[PDB]
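A.B. asks: Each chain is listed here by its residues.
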Amino acid sequence: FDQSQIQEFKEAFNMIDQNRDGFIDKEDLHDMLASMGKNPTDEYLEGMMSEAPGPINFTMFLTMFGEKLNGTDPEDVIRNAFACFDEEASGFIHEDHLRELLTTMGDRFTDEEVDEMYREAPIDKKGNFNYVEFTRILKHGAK
Amino acid sequence: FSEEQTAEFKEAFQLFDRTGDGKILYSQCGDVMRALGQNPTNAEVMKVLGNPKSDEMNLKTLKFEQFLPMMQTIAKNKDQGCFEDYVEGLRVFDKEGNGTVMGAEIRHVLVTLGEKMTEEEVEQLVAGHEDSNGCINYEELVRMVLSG
Amino acid sequence: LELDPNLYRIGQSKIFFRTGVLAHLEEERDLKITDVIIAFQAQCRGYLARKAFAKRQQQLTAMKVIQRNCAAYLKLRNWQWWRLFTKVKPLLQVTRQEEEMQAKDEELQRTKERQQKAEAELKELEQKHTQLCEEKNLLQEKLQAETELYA
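Residue numbers (the entry's author numbering), protein chains in the order written: chain B, 25 to 167; chain C, 3 to 150; chain A, 760 to 910.
It is possible that some hints are incorrect.
[Claimed, not checked] With a cut-off of at most 35 Å between alpha-carbon atoms, the simulated DSBU-like pairs for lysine-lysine come out as follows:
(1) A/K834 with C/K25
(2) A/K846 with B/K163
(3) A/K814 with B/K163
(4) A/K814 with C/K62
(5) B/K92 with A/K848
(6) C/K62 with A/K823
(7) A/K901 with B/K62
(8) A/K791 with C/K49
(9) C/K25 with A/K814
(10) A/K791 with B/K150
(11) C/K25 with C/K62
(12) C/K12 with C/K80
(13) C/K12 with B/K92
(14) B/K50 with A/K834
(15) C/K80 with A/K846
(16) C/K65 with C/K55
(17) C/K118 with C/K80
(18) C/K97 with A/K823
(19) C/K25 with C/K12
(20) A/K863 with B/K34
(21) A/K901 with A/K882
(22) A/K876 with A/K895
(23) C/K97 with A/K773
[What the hints assert, rightly or not] Some chain A residues judged to face chain B by a derived CB distance under 8 Å, without partners named:
(24) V780
(25) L784
(26) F812
(27) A821
(28) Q826
(29) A831
What the hints contain is simulated information worked out from the structure, not anything from laboratory work.
Built from N, CA and C at the ideal position, the CB exists for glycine as well.
With the sequences and hints as input, model every part of the structure.
C.D. replies: Here it is as structure tokens:
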């Protein structure tokens, strides 16, 4: 990850440890998750630490975060993958064409997956699909 | 052929499925071989597919393992074309010996004779090589298909 | 074509030919023409097919690239550890604007120091342009007279 991501992550670690020392335990997550809203069940408190092969210090959380952002593609690859479907430089890949590309002509997403994708990417309904801001949302730099 | 290029042929073969079960139709087979640089007649492809009919060409499927010996059979042919033969056949239509065939005659011969192209196939081939008089230099037209 | 001289005879404008011999040079006519046509056979189709393939054999790995990012998005999003990060970074601005408050009111101290520098610096320059008005003429006068002495 980048240096800016490390600063944000270090401040997030420092607000996800809740009693400090320099580790994070169950109680740190359980109190803080309750404070920032509605906690998950205890099952998912336990199942969030067994991802980590060792104690959940800053380095282990950074490896766990960094490893599970490693298997993805740079935004420029996505930008020149969207801009491989337009022939004219008005690069808005319109829906009902873009729909088929996801729902029938690729590795074809099921009805649940497409509803989440077009819920967290604004097909307005009245305003048409679009391009690179649904590459920035897809990566990080927005939401 | 070496494993080196056979590995490339695997990537190219996977890039002609439109579904996801890893199969290329008998109808698609010639244009997979043409993607991998080969230039075979329709009767050269048809022969290695066992001479199927038009109906079963859309329904019969190849995997890579059985496509690959077909590539090996058509790779060593007993002949291949050149420039020297190919201009000689187009020069018959060079009305006065200009060095140029009229774009209408060239569209008409490729559709009417032999392995009979569509009107679309000839239009895509010849467009932008015919001048202000609609006349096509057969020399550069042969270089355009051959060299690529 | 190594024609036998008993098969032809040469006239003044025309070549006389024995029965059959024209039709062999002729068969040739049907045969010769129907196949070296016959060709374009897949030289044109072979050209068109690989060009049509390369309307997406530049799409090959850029492509897919969308789908594996869309697949990563849903499964990154809906796994547990990243669900925490998704809400905590929006809270860090309320608190990364708190970082900005410390930086801003520190900058306000430097900001009035620039106003204090600039007025003083402008007067320092205004004074030294007055001097550099004098420098330009006197150095020019010195330079000419020095050349006259050299002569």
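A.B. asks: All hints are to be evaluated individually against the structure, with a verdict given for each.
C.D. replies: Outcome of the hint check:
1. For a cut-off of 35 Å, the pair hint linking A/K834 to C/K25 stands: about 29 Å separates their Cα positions.
2. Only pairs whose Cα atoms come within 35 Å are accepted, and A/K846 paired with B/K163 is accepted, the gap being roughly 16 Å.
3. The straight-line distance between the Cα atoms of A/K814 and B/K163 is roughly 28 Å, inside the 35 Å bound, and the hint therefore holds.
4. For the proposed pair A/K814 and C/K62, the alpha carbon gap of about 26 Å is at most 35 Å, so the pair holds.
5. With a C-alpha separation of about 17 Å, the suggested pairing of B/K92 with A/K848 holds against the 35 Å cut-off.
6. Annotation: proposed proximity of C/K62 to A/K823 holds, straight-line Cα distance about 28 Å (limit 35 Å).
7. Straight-line distance between C-alpha atoms of A/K901 and B/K62 comes to about 87 Å, which puts the hinted pair past the 35 Å bound.
8. Taking the CA atoms of A/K791 and C/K49, the gap is near 24 Å; set against the 35 Å cutoff, the hint holds.
9. At roughly 21 Å between alpha-carbon atoms, C/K25 and A/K814 fall within 35 Å of each other, so this suggested pair holds.
10. A hinted pair counts as satisfied when its Cα atoms are at most 35 Å apart, and A/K791 with B/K150 does not qualify at roughly 65 Å.
11. For a cut-off of 35 Å, the pair hint linking C/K25 to C/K62 stands: about 9 Å separates their Cα positions.
12. Pair hint C/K12 plus C/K80 holds up; C-alpha atoms about 26 Å apart against a cutoff of 35 Å.
13. For the hint linking C/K12 to B/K92, the alpha-carbon distance of about 30 Å falls within 35 Å, and the restraint holds.
14. Restraint check for B/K50 and A/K834: the C-alpha separation of about 24 Å stays at or below 35 Å, so the hint holds.
15. For the hint linking C/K80 to A/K846, the alpha-carbon distance of about 69 Å lies beyond 35 Å, and the restraint is violated.
16. At roughly 19 Å between alpha-carbon atoms, C/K65 and C/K55 fall within 35 Å of each other, so this suggested pair holds.
17. Under the criterion of a C-alpha separation no larger than 35 Å, the hint pairing C/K118 with C/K80 is consistent with the structure, at around 23 Å.
18. Between the alpha carbons of C/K97 and A/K823 the distance comes to roughly 52 Å, so the proposed pair goes past 35 Å and is violated.
19. The suggested pairing of C/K25 with C/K12 holds, with an alpha-carbon distance near 12 Å, which does not exceed 35 Å.
20. The hinted pair formed by A/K863 and B/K34 meets the criterion: a straight-line CA distance of about 22 Å does not exceed 35 Å.
21. At most 35 Å may separate the alpha-carbon atoms for a hinted pair to count; A/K901 and A/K882 meet this at roughly 29 Å.
22. For the given pair, A/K876 sits about 27 Å from A/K895 by alpha-carbon distance, which is consistent with the 35 Å threshold.
23. Simply put, C/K97 and A/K773 have alpha-carbon atoms about 23 Å apart, close enough for the 35 Å limit, and the pair holds.
24. Nearest Cβ of chain B to the Cβ of A/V780: about 60 Å, over the 8 Å cut. The hint is violated.
25. The beta carbon of A/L784 comes no nearer than 54 Å to any beta carbon in chain B, farther than 8 Å, and the hint placing it at the interface is violated.
26. Because the closest C-beta pair between A/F812 and chain B is about 14 Å apart, greater than 8 Å, the hint is violated.
27. A hinted interface residue such as A/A821 counts as satisfied when its beta carbon comes closer than 8 Å to some beta carbon of chain B; here the least separation is about 4 Å, so the hint holds.
28. At about 5 Å, the closest approach between the beta carbon of A/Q826 and any beta carbon in chain B falls short of 8 Å, and the interface hint on this residue holds.
29. The closest approach between the C-beta of A/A831 and any C-beta of chain B is roughly 5 Å, which is under the 8 Å cut-off, so the hint is satisfied.
Comparing the model with each numbered hint stated earlier shows that hints 7, 10, 15, 18, 24, 25, 26 do not hold.
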